[PDB]
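A.B. asks: For chain A, the structure is supplied; the task is to place chain B on it using the hints.
Number of protein chains: 2
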Amino acid sequence: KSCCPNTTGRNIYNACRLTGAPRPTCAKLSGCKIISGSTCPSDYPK
Amino acid sequence: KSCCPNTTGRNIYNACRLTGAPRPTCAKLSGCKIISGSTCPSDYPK
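As you go down the protein sequences, you meet chains A and B in turn.
Going by the UniProt record's numbering, the residue at position 24 of the first sequence is 50; the numbering climbs one at a time, nothing skipped.
Going by the UniProt record's numbering, the residue at position 23 of the second sequence is 49; the numbering climbs one at a time, nothing skipped.
Careful, some of the hints might be misleading.
The list cannot tell twin chains apart, which means a pair is met if one copy fits it or any two copies do.
[What the hints assert, rightly or not] Derived BS3-like pairs: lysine-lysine, alpha-carbon spacing no greater than 30 Å straight-line:
no., residue 1, residue 2
1, 72, 27
2, 54, 27
3, 54, 72
Rather than coming from a laboratory, the hints here were simulated on the basis of the structure.
Chain A with its partners taken away, still in its complex shape:
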């Protein structure tokens, strides 16, 4: 699951995945994190 710290991060993350790129790449680019679990930590709620 992807977890972002703010709306900016979610926006970039989403645009990046729509180009076809891998989740860790899009995470790094956006400041979001990829977790293996189903619930995002509280400081990455977006």
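C.D. replies: The following block gives chain B in isolation, referenced to the frame of chain A:
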């Protein structure tokens, strides 16, 4: 080399490349394109 339509694109491509993301991803995310020649096209001057 990379060619960008505008400053916005050049900013994004460069930032993307500093994260280590592949040039085609950074191009898609920025609106820039990669060429094998030396002269950028006039519609991608930045």
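A.B. asks: Next, verify each hint and record whether it holds.
C.D. replies: Hints, verified against the model:
1. 72 x 27: Classified as within; 11 Å inside a copy, 35 Å across copies.
2. 54 x 27: Result: close both inside a copy and across copies, 14 Å intra and 23 Å inter.
3. 54 x 72: both (15 Å within a copy, 23 Å between copies)
The structure meets every hint from the earlier list without exception.
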